[PDB]
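Make a model of the complete structure from these sequences and hints.
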Amino acid sequence: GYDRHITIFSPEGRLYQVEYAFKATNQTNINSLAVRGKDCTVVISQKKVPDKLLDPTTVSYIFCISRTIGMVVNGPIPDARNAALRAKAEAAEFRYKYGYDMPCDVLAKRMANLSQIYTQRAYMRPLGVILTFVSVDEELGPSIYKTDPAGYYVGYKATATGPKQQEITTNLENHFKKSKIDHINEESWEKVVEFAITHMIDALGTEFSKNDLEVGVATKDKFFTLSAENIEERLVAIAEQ
Amino acid sequence: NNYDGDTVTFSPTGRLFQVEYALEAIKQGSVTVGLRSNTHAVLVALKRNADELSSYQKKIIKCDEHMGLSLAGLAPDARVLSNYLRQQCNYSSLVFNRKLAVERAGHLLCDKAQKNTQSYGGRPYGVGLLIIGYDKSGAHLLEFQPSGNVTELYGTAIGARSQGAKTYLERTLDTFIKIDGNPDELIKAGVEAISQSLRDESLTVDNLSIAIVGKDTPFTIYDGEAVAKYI
Amino acid sequence: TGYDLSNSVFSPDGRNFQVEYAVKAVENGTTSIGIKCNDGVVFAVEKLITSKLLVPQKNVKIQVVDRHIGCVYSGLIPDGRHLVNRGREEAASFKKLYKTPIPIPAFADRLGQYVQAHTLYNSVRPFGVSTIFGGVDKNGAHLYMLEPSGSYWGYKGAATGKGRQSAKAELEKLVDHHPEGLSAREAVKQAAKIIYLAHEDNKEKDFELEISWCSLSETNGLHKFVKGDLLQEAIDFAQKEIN
Amino acid sequence: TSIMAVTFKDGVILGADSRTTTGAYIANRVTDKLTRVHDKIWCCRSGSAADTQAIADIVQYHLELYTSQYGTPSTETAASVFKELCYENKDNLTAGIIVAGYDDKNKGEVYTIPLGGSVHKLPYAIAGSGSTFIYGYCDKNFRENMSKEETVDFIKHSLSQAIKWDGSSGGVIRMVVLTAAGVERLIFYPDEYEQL
Amino acid sequence: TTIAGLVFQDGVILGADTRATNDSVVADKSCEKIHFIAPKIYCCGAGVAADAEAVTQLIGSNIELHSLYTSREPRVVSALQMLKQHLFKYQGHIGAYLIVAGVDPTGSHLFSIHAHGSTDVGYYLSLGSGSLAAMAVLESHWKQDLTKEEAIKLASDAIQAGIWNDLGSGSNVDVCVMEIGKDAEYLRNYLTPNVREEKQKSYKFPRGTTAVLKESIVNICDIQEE
Amino acid sequence: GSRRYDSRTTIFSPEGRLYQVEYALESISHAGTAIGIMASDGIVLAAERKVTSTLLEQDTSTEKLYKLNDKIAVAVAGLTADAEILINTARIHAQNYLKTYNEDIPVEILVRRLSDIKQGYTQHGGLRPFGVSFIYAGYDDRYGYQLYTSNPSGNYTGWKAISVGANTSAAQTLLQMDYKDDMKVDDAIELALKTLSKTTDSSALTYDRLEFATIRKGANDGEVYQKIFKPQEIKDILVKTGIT
Amino acid sequence: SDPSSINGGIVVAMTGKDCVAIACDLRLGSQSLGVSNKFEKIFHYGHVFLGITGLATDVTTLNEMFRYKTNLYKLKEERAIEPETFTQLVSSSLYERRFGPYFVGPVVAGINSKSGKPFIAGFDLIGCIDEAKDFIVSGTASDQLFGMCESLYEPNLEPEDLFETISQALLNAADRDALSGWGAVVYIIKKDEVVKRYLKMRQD
Amino acid sequence: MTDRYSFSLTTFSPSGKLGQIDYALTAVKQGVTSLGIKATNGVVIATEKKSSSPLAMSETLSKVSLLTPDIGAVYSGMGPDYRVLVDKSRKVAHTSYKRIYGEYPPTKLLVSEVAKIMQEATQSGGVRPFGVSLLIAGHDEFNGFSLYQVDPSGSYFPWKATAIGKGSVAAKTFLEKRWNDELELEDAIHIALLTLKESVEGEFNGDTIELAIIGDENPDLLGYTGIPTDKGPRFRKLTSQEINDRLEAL
Ligand SMILES: *[C@@H](CS(C)(=O)=O)[C@H](Cc1ccc(CN)cc1)NC(=O)[C@H](COC)NC(=O)[C@H](CC(C)C)NC(=O)c1cnc(C)s1
Ligand SMILES: [Cl-]
Ligand SMILES: [Mg+2]
Ligand SMILES: [Mg+2]
Ligand SMILES: [Mg+2]
Ligand SMILES: [Mg+2]
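Protein chains in written order, with the entry's author numbering: chain G, 2 to 242; chain E, 3 to 233; chain F, 2 to 244; chain N, 1 to 196; chain H, 1 to 226; chain B, 1 to 244; chain I, 1 to 204; chain A, 1 to 250.
Distance condition first, Cα-Cα at most 30 Å in a straight line; then the derived DSS-like pairs of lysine-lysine:
hint, chain 1, residue 1, chain 2, residue 2
1, I, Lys117, A, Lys98
2, F, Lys96, N, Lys121
3, I, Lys38, H, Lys214
4, A, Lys116, B, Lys67
5, I, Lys76, B, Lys227
6, I, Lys74, B, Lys99
7, A, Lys231, I, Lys191
8, B, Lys217, I, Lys76
9, G, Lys98, A, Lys98
10, F, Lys48, E, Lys29
11, F, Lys48, E, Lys138
12, E, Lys117, F, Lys97
13, F, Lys204, E, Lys29
Since the hints were derived computationally from the structure, they do not count as laboratory data.
Below you can see the structure in the form of structure tokens.
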């Protein structure tokens, strides 16, 4: 049964190493969510600092890939950082060669093609991560593109990733069934973050403090992460209505 | 068991069996003793013959004018590692006009041995080395194991029945460390130490091999009638 | 089954058993710790005295990278040395290109990516060490701990090896009892105590304490070993606390 | 070419003419020789246009990749990357670059990198063919901790003279101001600076 | 060669003559010096004709593959960056001098590229042996916010200045107009001011004038079959 | 390391056989039958297509008979994709010889070269062999008309008539029965089709199932013509010989 | 010293009404020494004709190279190459030796078998294409050929008239060049017949 | 940090089977149905956009890809494997053909190059076969319209009409009854939509179906005017609206 150890076909036409890499994705037990506003793309993720000895400022699964692109990872941190460093390198190389900032969807495709190679070539293992890329693209507008260990990628109106992804997904599905639009009709990113947090609270059924969340925001010409105090301001506004 | 086919595989308890099997080749090797004072450092080695017609396999190798080692285990691996030491000692002299520190020599052997334990296709070195030397911080004795672990010591022994000599040195520690400016008495203590590891056989003229380095003494090896004095 | 025989193979769980087996080699090793203080970091390690024949203060375990970073590790000592050799190459090439000495978070990722790379292929073995390291850069003090998987985080206090649970409990008290922070000279004393308390797990053989530190005020932000009177003061403090 | 960077109280200002020549023909009379390698790290280019553009493009790439990993690079770091390229490829390059940048910690800094690939940190720097004519003027008139208006006048008067005497220099005087406030572009036309 | 490019209200326009020369002789009287890169990105070429042709074709091929890969309209800065990095690599040994212009989602752009790998940004540019004749016209008459009708006039006038006054340049005028939100219109033989006049005589010979030693039929087909 | 997963394609069995060559030959024994017959005035190549579907575009299809140059053709039995790799190599070898010597490559030299490539995959490199057997039909001015076969082992031999692929045992018996040395192309055409008609696993032999070719020194004025038969022409020769 | 003028020789091609003509001299020399009077410079690959002037070793090498490439083209494409496509293949192959070029002056001539359109083209030594409507010249007497063609030529000549025009263009150009002459060949090419004629000329 | 897989991972088993090719074909069988039909004046290729989530924007995932202006491709099997083959197919069309001959390759030769890449993954060291079957439709001047299937083995066959993937056996029977040599392109599109409805479970509209044609030249899609010989791409992807129009006359 060595068809389960390396990336070759089983008799069913399956790649078990790819399937087991998908399971490694949930090893962190963290749920992420991404949504789009009019002018922005917001990504939120659970933050869990179990050890008191940890420096909580260094515990993060959201990465600034380029000025315009942000990336949240669902999976173990070593593979997450492997993917982060490569995406940064690819984004920088793209800008140098072709003279404009790498689009979110093109980076996603590039990382997905790299992931595909690990599913076809035996000596390289798949990375046990799902990469969610976010930006406000200068041609396509607010953008969410997600990559997995199979090398699959696709654009999203909104998305969720993690152990409880199905609960978050159905919550978001039901909202967009009502509104009948592809985005959160809201002017400020602050209110789109409030939407994102609110709908994660409803879906997961848990309350959050400022240290339980981690937020990334993409606007035109920059992606940035919110501090604990910026999130606290968001949590106060949610509670007050 | 299933995890001893190659050096690249950890066992479920975190062990490297190929390295441990290389360690076993040293225990099968003939005994050799190392010890030092503040002025001198001495190697004493029991050489092994194949039969009565054969010569006794040489155990001590010179690396530089101020450094050398004794071996126990696979002699070709000692030749590779001693040649590497010769080159590193030589590089230090040619480029920096500097005699290589014994501590730094140990670090280099450690790192050379380590590379063979982490990569596929290679095997660990099958030999243990006792490096003596006299450098800018005085006399030194090192013990090299092919796991990579190198250890600075006052005295030690490696090879078959080496635990007898190692216990003697552990008792004698306070005496032999004080043997300063007296090479013959330091060798005597080394010859008396290696005698604790003998069974059935005794120290004859072509059996015994001694080496010494010190303050105003280059690394020199004594074999044959040159060691009859100490029998 | 057979998923644990080769490195870089995912088990049906989504685990790399060879990396988990490297962790067992780390758990088998001697205790090492790190303490983040007000303007720096303190590193300490347990050195088991196997025999009277070991020369005191000579078999140095803590290693410097560049001039501002200290590294200590538990597990397979040669694997730790190999990792520090790489770290030195990374720190050298960073300084060569960018002039400034390598920042600690930057340095942490350099080791992190290199260790992680040794979980990607079956032709290599994972590292059999957890490495505690850190120092002072332009943004202040940083302490990190790096596992065989490539995983690393920033720490207030860190501990690894056979006495890690004992040490971790002691570090957790210091964090609770000193929220405003701990001084560099205090951290040296506390580090000595924690190694002495953690020695109950390795209580058969007696041991030798080794401490180092980087501190902006006490060492000008450079890595130095604690020696002589300051070391003896820390040993005396530690000996007083166990009795 | 006449280029200069001048530190002052609030930060640093880069200044340049706009003339590019192929022999005695002016290939471009409105050239922008003040080029951005980072938000608040700019450089003035002199020598082979191909070489300095090729270098500046590589530096911009390196500092972009530095920023993604380690945050905002220092001006010293930028000058080091320029130096590394210039020094290691000295046999195949004709580049004379002034690097100028603003940190909040270090404030305004200026580094000059002449042909050899050496680095020199200075209060102000002048370079290009037209700089020879204003060594005397700039030495006599430069003061440390000038105001923004004084530094703009110092650069304007200086490059005015460089332009007047050097045939290789001319056109508009472009300037780029680097302070905590941000990045300001200034332009000054012949009818303004010639009558000074 | 006389090539030029200039910008107008909502576009960019390129112009070129149609003469190719080998030393003092005219190799080609109707050559296309405005090279195609993408549907809305064009390139005027001067210098070594083979080099200008080959480098535009190569970058055009890579731009097409890039456009397919990214699912986006190609940008003029991408062509610019790829051309300059290629030309720089070869240290001027690829002796191509180019004016690149086009329209993309960013807007309209106009650049010049030299054989050694230097680039310029401009509102009006000219290259080749007739650049000085063309630039004289562009400096006299160019203004901001030109209409398309004025821009075609000015571009063709600049090229004509080269045709008449430069020996390196001659024959016809080719133009390409790239306007925002519209298909690029490529206008080969836009002007034809140098048609050859009718000859005085016909030099058609009486048949049999040439002495012949042998005749034969050449078999060009595959296998004459049974 | 990687050793664990290595099949070891280039080793002897205890009996002194090459495992992978033998198993490749087993693969080839299931492929559609190809027959070559050599006459005094030409060579016939006949071959049976494997995938009868009504929707297969037959006139633009080529799975069996390939052209190597103007004088040499091959019939394929085995993996078509593997054969195409080798065919393109053989096409290049022929043009290299023509460039070097300014003469068309002799048939045996081309055959040996391909056979040597196949041999290499059985002795070194750790890769699987090519699952292909060729029948080479060719002409040159030294030996005239020649038929050869090569198999995955890289061994090649010359023939007067030969089959490869499915039912070769049955096919070779029928050819051995009805072949004669003074035979002509028209007779060999009939023999090739009759042999396929009897050995075929199908219910009946039809035009849509066959690829057919002749090399004749019966072109205009003593040249050699390669004729790859069109579907309608295969249909005509089936009616002429009296099979349909 | 100049490789393109060691051996000498010329090629000229012209278009006519539903036809093309390509012609060449027969000389091969070592500078002043005449060596061969049978060195033809026109080759054909199916119905596409290629003339090549310049360094004779490269003329022979390129002929062998394009025979190679057009043979493989035909096996893969299952049709003969057309003049327009072949022109691009010549350009490609020349330019890939950009910095160590073949010292040649190729000339393509032929009729597209599908459209019936007459086609000629010329190249410099590194592959820049000159696709003329009227005529193409090449070789050591290219200046002389330009002068003859430019005055003698008129468009839409019938095959047997075009023969006279191209022949007189070649012969009179060759007689003003020391390194050309020693015989001449003219190909008259129509859609499905090609006539080859050897010309009588002065043998100095 | 070595690639030690220099040996074949696809080998012959005792029965003569190449296991990994057979298993790749099994992966193709599990994949969503796609089909191709050839008319007299065109070719049509079609497949179902099986959306993995309703939050996903299925427009961004292109199952039907342009390879050259006159050649298109569709697949059944593993999508990531298809995506990288399309990248390599587009590039090989330039490097091994357009940069040599100054024109795009004919359908059969581009197919041959794709086939070659797939064959090499079936024999080279340390790789598995591609888990896709491709259907490649195209036009060129001398061969006219054509439709090819390409399998994981590297084998390719020309078809008048065919289907691959999930419901291919039923679909091929449906196409045998309906196909004739006098079909116009509109008739083939109509048959394609009928055939594809049988294998689709859920919604059946322009948003859940992807369909492209190789037909007449589209000078409107070219992007420029002024060269009479360049008349525009024969490949055209039908819009969501254009599909729905033909579903009313169904
Ligand atoms: C004008 C360039 S100038 C006089 O330097 O301003 C034109 C530009 C040009 C660009 C593209 C094309 C065709 N796509 C044609 C023309 N260039 C030329 O006239 C050049 C010479 O400029 C110095 N002509 C050539 O390079 C000719 C080839 C043409 C006759 C087809 N080649 C050569 O003269 C030689 C090349 N190598 C030699 C040795 S000689
Ligand atoms: Cl890619
Ligand atoms: Mg793999
Ligand atoms: Mg001036
Ligand atoms: Mg003459
Ligand atoms: Mg003469």
